[PDB]
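Using the sequences and the hints given, assemble the complete structure.
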Amino acid sequence: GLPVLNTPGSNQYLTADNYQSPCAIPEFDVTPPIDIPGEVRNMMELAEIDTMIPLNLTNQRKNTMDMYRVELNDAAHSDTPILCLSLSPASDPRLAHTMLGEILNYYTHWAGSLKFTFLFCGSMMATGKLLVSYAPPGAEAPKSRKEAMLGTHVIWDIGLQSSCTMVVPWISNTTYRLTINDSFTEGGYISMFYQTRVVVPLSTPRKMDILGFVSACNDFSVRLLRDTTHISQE
Amino acid sequence: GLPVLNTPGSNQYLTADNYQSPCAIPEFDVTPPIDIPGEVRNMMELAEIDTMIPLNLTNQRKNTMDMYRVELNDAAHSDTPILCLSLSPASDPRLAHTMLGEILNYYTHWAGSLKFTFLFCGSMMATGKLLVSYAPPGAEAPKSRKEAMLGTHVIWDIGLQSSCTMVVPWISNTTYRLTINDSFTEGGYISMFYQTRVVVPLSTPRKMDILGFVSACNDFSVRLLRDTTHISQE
Amino acid sequence: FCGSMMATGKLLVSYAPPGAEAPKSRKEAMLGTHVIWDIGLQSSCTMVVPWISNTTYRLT
Amino acid sequence: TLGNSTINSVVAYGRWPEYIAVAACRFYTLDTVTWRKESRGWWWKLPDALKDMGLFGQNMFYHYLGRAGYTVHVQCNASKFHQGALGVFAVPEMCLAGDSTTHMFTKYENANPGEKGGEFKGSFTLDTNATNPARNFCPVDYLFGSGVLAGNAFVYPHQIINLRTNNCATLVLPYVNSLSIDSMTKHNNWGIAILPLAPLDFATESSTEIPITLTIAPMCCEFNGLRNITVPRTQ
Amino acid sequence: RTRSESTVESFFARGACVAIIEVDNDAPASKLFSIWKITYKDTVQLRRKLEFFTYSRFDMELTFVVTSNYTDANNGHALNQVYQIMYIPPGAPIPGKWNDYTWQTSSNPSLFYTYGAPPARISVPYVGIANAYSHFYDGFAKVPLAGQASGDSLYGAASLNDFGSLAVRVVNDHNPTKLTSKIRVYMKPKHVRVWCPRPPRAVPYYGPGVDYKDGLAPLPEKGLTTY
Ligand SMILES: CCCCCCCCCCCCC/C=C/[C@H](O)[C@H](N)CO
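Residue numbers (the authors' numbering), protein chains in the order written: chain C, 1 to 234; chain C', 1 to 234; chain C'', 120 to 179; chain B, 86 to 92, 99 to 111, 126 to 340; chain A, 70 to 97, 101 to 222, 225 to 301. A prime marks a further copy of an entry chain.
If you are wondering where the hints come from, they were derived from the structure by calculation, not from laboratory data.
Treat the hints loosely; a few may be bogus.
What the hints assert, rightly or not - List of simulated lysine-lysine pairs, DSS-like, C-alpha gap at most 27 Å:
| id | chain 1 | residue 1 | chain 2 | residue 2 |
| --- | --- | --- | --- | --- |
| 1 | A | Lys214 | C' | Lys143 |
| 2 | C | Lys129 | B | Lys185 |
| 3 | C | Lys115 | C | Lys129 |
Claimed, not checked - Listed next, with one range per pair, are the computed distances between beta-carbon atoms:
| id | chain 1 | residue 1 | chain 2 | residue 2 | range |
| --- | --- | --- | --- | --- | --- |
| 4 | C | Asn181 | A | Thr143 | 31 to 37 Å |
| 5 | A | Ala101 | C' | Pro3 | 47 to 53 Å |
| 6 | C | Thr58 | C' | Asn181 | 30 to 36 Å |
| 7 | C | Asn6 | A | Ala150 | 24 to 30 Å |
| 8 | C'' | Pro136 | C' | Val167 | 39 to 45 Å |
| 9 | C | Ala76 | A | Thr299 | 15 to 21 Å |
| 10 | C'' | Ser162 | A | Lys214 | 49 to 55 Å |
| 11 | C'' | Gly122 | B | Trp107 | 34 to 40 Å |
| 12 | A | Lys214 | C' | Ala76 | 34 to 40 Å |
| 13 | C | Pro33 | B | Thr86 | 30 to 36 Å |
Virtual Cβ for every residue (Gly too), placed ideally from N, Cα, C.
Below you can see the structure in the form of structure tokens.
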């Protein structure tokens, strides 16, 4: 026949190959598709959906609903942080199991901006101002409002609006970060502080809850599909 | 020679493949075809032929000619059914071995309308009206003419005509039904009742027979060729 | 509604055409014509009972 | 306004209900539930919750095939001195985990409770009665009743009722299925889950309770396959 | 930065192991043929990836990796084996013996694989009786009716995911020596369309449904004010 020469790689099975194969059921009359609502073309479309952050992963709160609630009170003003988060969306245990983190744990590289929304769930009679800050990596993690104020930040007036969004823009030395805990590709710090205190009148609850949601922005992307550590078989 | 790479699936024999092979008798002078009557292009053409239904599969009737005859009499009117059939053309034992059922047992999926013809074989002096009903699935199988009348149905006047056809139109949740007994793809119920009674004058036979035929309509189709359970080798 | 501005609540106002037993619970009333009134949103609510009669006029 | 029934909104997947009866498809009010401080959540199935609603239930049980979208209106009002948040989620094919070591052992009468629906639990309890098993759902709230984290339930069509902001939620659910039309008695196309995201609280009262009311209108209804009436077995 | 590798196609463009079918070549405690019901729910990774969505359409590529070994040392030698893999669609007769007539496979698709050859491979189109596959079905196959005794079908079980089975045997007549073989089945969806995203599985799978029994506390402990 035609002279041919078998190159190396012949007879191998690469599970990522893209080859044709014979059809085992020829002339099958396939059922046509219908217009079902909710079609998805890209997994990033799922990462762009806000999902609640299990922020309060304490011994008594983890694996309950209480792990989603962060408690504020009406005590006197202080510079102590309300919450502290590492910008490691796939390896920080508080972000790993959100929809964004679940998508990220199927990939090796990620890049793009993030969106953090905070929802205040107190009474309508409550007032207060909060400071939400992102510090890029390199320095010690901010432990007071004085240090946090030096980074990117927004001021949230709960009386004016019950939900506030801070976009963390993409700022990295590398073009992508790794989806594991790695010092060279560290992301930075997210912190929350009291700008003023929370004030309530009489006959009002003095403790209330906030909730956190995270999603990816439209510039987000991932690379190098890989197996996840969030599912195992015994 | 030309650099080539053997992909997976090389050297396999798939009995459903479509490949070329060398001719073992080259230059054979083939006898030309003649115009024989009765050519068939599609097995559905055979399923569109009416064949008699072995309706009366009792202990003393099965595997004889009597299994094809359903007896009517001239007794007083009653709401008891004359015959009851499941719309399972490949798995109901009364429909499985008709030509339609035999064709269906070579396939896995079927869809389309059915045609049931009933032929009255009494004397010309006999009169009567019968009700033939199809009930789509989901409810209890109708046990009286009152329940059967609520579904699709036709009224057959034997005095006016000796053969009557009821088309069971295709009504299914799924696009195809399975050719086995499956609850999720159940077909419904076919029933026959006395609308009025059968009346004969004197010196006339008081018992007579009806015969049933079934075929597929022009919208019928099948999918996923498979081996039948109606032939075995020992 | 003539309560305080601090009051909230939702009410159901229903018209049932004649023929059946007079509705004695919200389940039966919900089957007829009806409107939902949010007092917190607005203090006055209007339900129009449209003309539905077998006869062209009713007696007084 | 839909029919003789009258009265932000979220259209699930941005798809309004559409056709591929008319009087029967209108707003129906289910039984009110009581939101307490210790409430864990509530669930309903559609069209199961409407099976005893006027002519819509009659059309459900008289036909082999039916399809409909829905408009769900959750109503819950409180004072400016109340606090709390509800998440209202519309889940297509909302399968709930059972309560036994046997897989998929929940019986039909328990999977289709009706307009009363069911409640989420705070923890998982395994039914041990072997002679007389309960064969009921055991949906854990933080697992969202199906082995997934409730925090990610926000990927479903949803609304949030924050007591300081709004007192009502409106979800417009189109007919969602792998088929154009199905059996309404065999299959529930939608599930409604209401979870307290923030617990209810009222100043210096460990007694406050507020009602939640659901009003559901089927839309773009179609029925086919008229036969005798289906009478499902009850428990 | 494009999103080419996060498209639904790229997300599923991998051959995933779904089954290990074990057969023996021995004289008739052994299993001269094996039946495997076709499903992706025997394993977890592909199942979890698929259950990100409610509905899907796709063609399927099946690859078969065959390995074999002697059972005893220096017990003798064997000639190269041939394996038959027959697709039995629902309703077709199921083999009951190694040598029964069903293996004639006049209408069933069949694959003959020679040991030492590259893994076998076939493709099938979208074969669902509905317009899409259902990863989740919130219903019953039968509605129990009043009058019926104690329509008892399992919750979620429907024939919309019944695709038949694979019957696997060694075609060779049995050697004097015992041989054991394993056929690993690898699935790759192709031309994928998906609908209605769902939150991913968070606890260990328990059965073909959504039931859970163990490992219900997945998340670890992490202080609120600790980075
Ligand atoms: C002749 C050698 C055997 C080749 C034939 C292989 C069997 C034919 C394919 C049947 C399986 C259909 C594909 C299965 C799809 C998934 O199970 C669905 N996602 C279920 O929801």
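Hint check:
1. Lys214(A) with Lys143(C'): Given pair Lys214(A), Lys143(C') holds - Cα atoms ~20 Å apart, limit 27 Å.
2. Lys129(C) with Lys185(B): Cα-Cα ~19 Å, so holds.
3. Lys115(C) with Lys129(C): Distance of about 20 Å is within 27 Å: holds.
4. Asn181(C) with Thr143(A): 31 to 37 Å: With Cβ atoms ~47 Å apart, the hint is violated.
5. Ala101(A) with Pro3(C'): 47 to 53 Å: Cβ of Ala101(A) to Cβ of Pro3(C'): about 49 Å, so the range 47 to 53 Å holds.
6. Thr58(C) with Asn181(C'): 30 to 36 Å: 56 Å, violated
7. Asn6(C) with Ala150(A): 24 to 30 Å: The hint (24 to 30 Å, Cβ to Cβ) holds, given that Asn6(C) and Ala150(A) are roughly 27 Å apart.
8. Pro136(C'') with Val167(C'): 39 to 45 Å: 42 Å, holds
9. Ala76(C) with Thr299(A): 15 to 21 Å: Holds, at about 18 Å.
10. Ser162(C'') with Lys214(A): 49 to 55 Å: 54 Å, holds
11. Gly122(C'') with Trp107(B): 34 to 40 Å: Given range 34 to 40 Å: holds, Cβ gap about 38 Å.
12. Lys214(A) with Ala76(C'): 34 to 40 Å: 37 Å, holds
13. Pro33(C) with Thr86(B): 30 to 36 Å: Holds: the Cβ-Cβ distance is about 35 Å, inside 30 to 36 Å.
Consistency note: the structure conflicts with the earlier hints numbered 4 and 6.
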